[PDB]
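A single chain, nothing else alongside it, follows as structure tokens in the form deposited in one PDB entry.
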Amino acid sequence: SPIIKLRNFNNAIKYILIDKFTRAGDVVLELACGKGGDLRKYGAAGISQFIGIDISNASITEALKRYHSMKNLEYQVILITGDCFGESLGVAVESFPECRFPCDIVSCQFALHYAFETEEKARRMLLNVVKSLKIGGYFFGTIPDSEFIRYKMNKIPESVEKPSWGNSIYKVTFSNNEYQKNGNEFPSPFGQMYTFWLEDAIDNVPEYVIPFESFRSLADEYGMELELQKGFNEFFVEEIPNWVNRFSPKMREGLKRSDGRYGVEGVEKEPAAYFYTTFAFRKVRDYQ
């Protein structure tokens, strides 16, 4: 089962990415925060307030349960059940006036691509982000890498009805081959759907491509400029020397490969390190 090693790798990526842009005293808004599993990472950066929002009440209930189990934190934690992509964020936070907006950081891990189901949702997400963020603040996170996806798709001929690739532990299957029928181009940046099988994975939902060039050009339209687009492989290799020994002994041990180097290995390398990319934008102007 690859789940344990992949979870450790993603936790290392998130730890490094959070530290890269988050500063002590910051207010953080985390979109689609899930079960709130990055609280100690933001605590390590010394934040002052965490606001986490997820559409799943079950996941927010678990985040509440995990948070209340911790003791004497120096930062406030706010956890909200709400829709970050298909509705104005004002609806979600209306009943939470303790939120300190505008915030310093908007983060979103393994979830922003769901906002690309439609153009309306992608734009609502982006307007949500820039309305919450201070000028100068950062928007960062982790998403499936549309450029690796297009590489794999360009190797698949039009004769394949449901373009697919993978290895012993994962498989991507697209709903249709309109990409290939359209001369190896998505007919629309939005609504390009696939499923993702991972061995021993605990969830399965419709996935959507987030074409990075469309992401970047919409973000610019809403006042944000690109700061970071490194794939997980390059991001980890570049950053790990400076971090190996800053990690806890347990985090370091969980990252060990069979050869004693750090990261993932074998069949885990492609789904864990090539399929995903980091992103970061800085809000440089107000949106008109």
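Residue numbers count along the first chain shown, from 1. In this text, rigid core is short for the largest set of C-alphas that superpose within 1.5 Å between two forms. Compared with the form deposited in another entry:
- Lining up the core between the two forms shows that one residue from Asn204, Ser217, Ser175, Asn184 moves its Cα 2 Å or more, and that residue is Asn204.
- The two forms, fitted on the rigid core, differ between the two forms by less than 2 Å at the CA of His68.
- A movement of the C-alpha atom of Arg40 falling short of 2 angstroms is seen between the two forms when the two forms are aligned on their rigid core.
Can you now output the form deposited in another entry? The one shown was the form deposited in one PDB entry.
If you are looking for partners or other molecules, they are not here, because only the chain is given.
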């Protein structure tokens, strides 16, 4: 089905992205780790310690359930309930002294846009990231692509009170049309809400635009410089020649198109390959 193909494609993107930035022995902090479904990806890269934090105790309880049911992994796994975006990370990790900070990489998958609810939250998130990371370390992940959002919004007339687009498996519905009223520009980079539906995945949940230019300029303020901004389509097209034979048999077959090449085709292509982008930054200097 389209949704199964989308999940496999996005899982492949995460495999490639994690492998790109993680090295053997690294300590990884995963913000908004949800139910902790990427442990095997980090294990393949040879990490020494995974620290996952999520605001939901139901999610962490599930992540712990899932972790405890695995095997004799070669790495330590720490799973913590805490708010990675709205509060100092020190709050969440005070009672987990086994964490080894500063860490080598910070990851955040399909979640960092929640930090753009307000400027205060965006900045608190970035301060948490840089305080956690070694100089030279990387911050990477996957977000909705503001540039694709802007393209779709630029095709919506101002008469539409709640700008919306979608297909048989996903939909985006903006809370307001202030973008269109303001000359096709958001009135603020923060708090620009839209509800997101994805079949059997996200149940019409409010989230916020993450305008990439603002993310990048704020990250620079906190000492992080851009490493990667490729949309999922371009990232996959560039990385697939080196990855076809590295994927598991099941993931490779899942990516196989009707023409014998790899990727997504059919209705999942827009939400899987255009709606999201990769990001990465490197911490190049200390922040006072």
